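Taking the form deposited in one PDB entry, here's one chain by itself in structure tokens.
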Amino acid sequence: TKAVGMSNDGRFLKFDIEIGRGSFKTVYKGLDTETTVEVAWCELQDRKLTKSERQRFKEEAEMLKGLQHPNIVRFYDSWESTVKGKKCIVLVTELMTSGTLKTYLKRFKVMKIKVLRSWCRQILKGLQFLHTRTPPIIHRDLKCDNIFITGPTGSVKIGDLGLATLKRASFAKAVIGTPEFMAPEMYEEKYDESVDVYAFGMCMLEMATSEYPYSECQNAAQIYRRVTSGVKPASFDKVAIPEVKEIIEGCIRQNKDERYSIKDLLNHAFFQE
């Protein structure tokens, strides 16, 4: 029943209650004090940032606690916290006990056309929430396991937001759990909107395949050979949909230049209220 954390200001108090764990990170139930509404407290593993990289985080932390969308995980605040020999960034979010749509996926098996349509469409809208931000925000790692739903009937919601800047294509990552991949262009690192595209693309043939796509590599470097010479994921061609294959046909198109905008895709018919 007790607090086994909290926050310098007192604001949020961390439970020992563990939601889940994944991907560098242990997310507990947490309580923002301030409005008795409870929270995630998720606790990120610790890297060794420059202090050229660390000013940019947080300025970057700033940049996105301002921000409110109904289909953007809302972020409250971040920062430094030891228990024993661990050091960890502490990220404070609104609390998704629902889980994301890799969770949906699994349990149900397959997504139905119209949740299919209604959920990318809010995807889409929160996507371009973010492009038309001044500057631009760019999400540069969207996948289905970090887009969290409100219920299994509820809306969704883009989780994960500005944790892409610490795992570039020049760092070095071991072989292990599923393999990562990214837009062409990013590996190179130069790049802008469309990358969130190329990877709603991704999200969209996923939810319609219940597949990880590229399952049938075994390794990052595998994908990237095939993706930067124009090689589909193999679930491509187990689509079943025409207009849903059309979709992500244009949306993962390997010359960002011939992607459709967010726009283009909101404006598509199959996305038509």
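Definition used throughout: the rigid core is the maximal C-alpha set that superposes within 1.5 Å between two forms. Positions refer to the first chain, counted from 1. First, how it differs from the form deposited in another entry.
With the core held fixed by superposition, the comparison between the two forms singles out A169 as the only member of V110, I113, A169, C88 whose CA moves by at least 2 angstroms.
Core-superposed comparison between the two forms: the C-alpha position of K238 differs by less than 2 Å. Fitting the two forms on the rigid core leaves the C-alpha of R226 displaced by under 2 angstroms between the two forms. Relative to the superposed rigid core, the position of the CA of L67 differs between the two forms by less than 2 Å.
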Second form
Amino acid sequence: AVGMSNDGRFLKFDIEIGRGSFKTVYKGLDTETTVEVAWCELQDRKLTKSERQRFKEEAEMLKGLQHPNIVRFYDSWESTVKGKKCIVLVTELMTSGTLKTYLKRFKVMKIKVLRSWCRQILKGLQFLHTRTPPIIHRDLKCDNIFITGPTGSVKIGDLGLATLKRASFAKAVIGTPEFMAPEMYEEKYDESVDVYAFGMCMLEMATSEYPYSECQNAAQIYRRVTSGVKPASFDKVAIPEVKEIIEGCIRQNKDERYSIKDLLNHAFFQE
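Having gone through the form deposited in one PDB entry, I am curious about the other one (the form deposited in another entry); can you provide its structure?
What follows is just the one chain, with no partners and no other molecules.
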């Protein structure tokens, strides 16, 4: 035990359970409920004062959200220990990994699982996009879709964090180069950014590889994405119906992409 909220409600344990894009995640406890939570520290790095204003507001709206396919958000605050400042978020603890870990671990996803899990992602997104006002995820990826069990349901996570992962910022060329929706680079986005991201997720789940692996850096990716050049893995999608859905999601022009409604209504997404 290595920390607590200002109110003593949440404790942090000396048990690190994730480490990633500028965060460390620990096991924790809700002392009020006596139920285990994820204690995420957004790592000694500076948020802007403007981001903090947006974040105070966001955190309060996230605390209200419930849906089967969204990871629960409990509470948030700024915390320090020694010379390190972080923002803490406390969320529902997800103990069975991510779609990314699933693909790593079990090389392939069977089509009936793909269908069900993708329908659940769409239901989650429909839910967010239909909140008033709409919630746009803006950072959906296989590593932020959590599974409740190997045989369980999927829940979308890292709501909130997407605000602090900064599309229009200059960034280092380090690790695996990333893509996003064309319009996202300019921060000129709507819900359809999530549709694009969904398409990319489906592609990954269908191919068991990260799109654009044939690119060495994010500049090559940017040039391909904003010029309508598809990832090579697109051509490797085995099932034509799956490939068709992907293709309609990852259109360069946002106005031509499937809507979530149309995807949920697609033949594929009823059994």
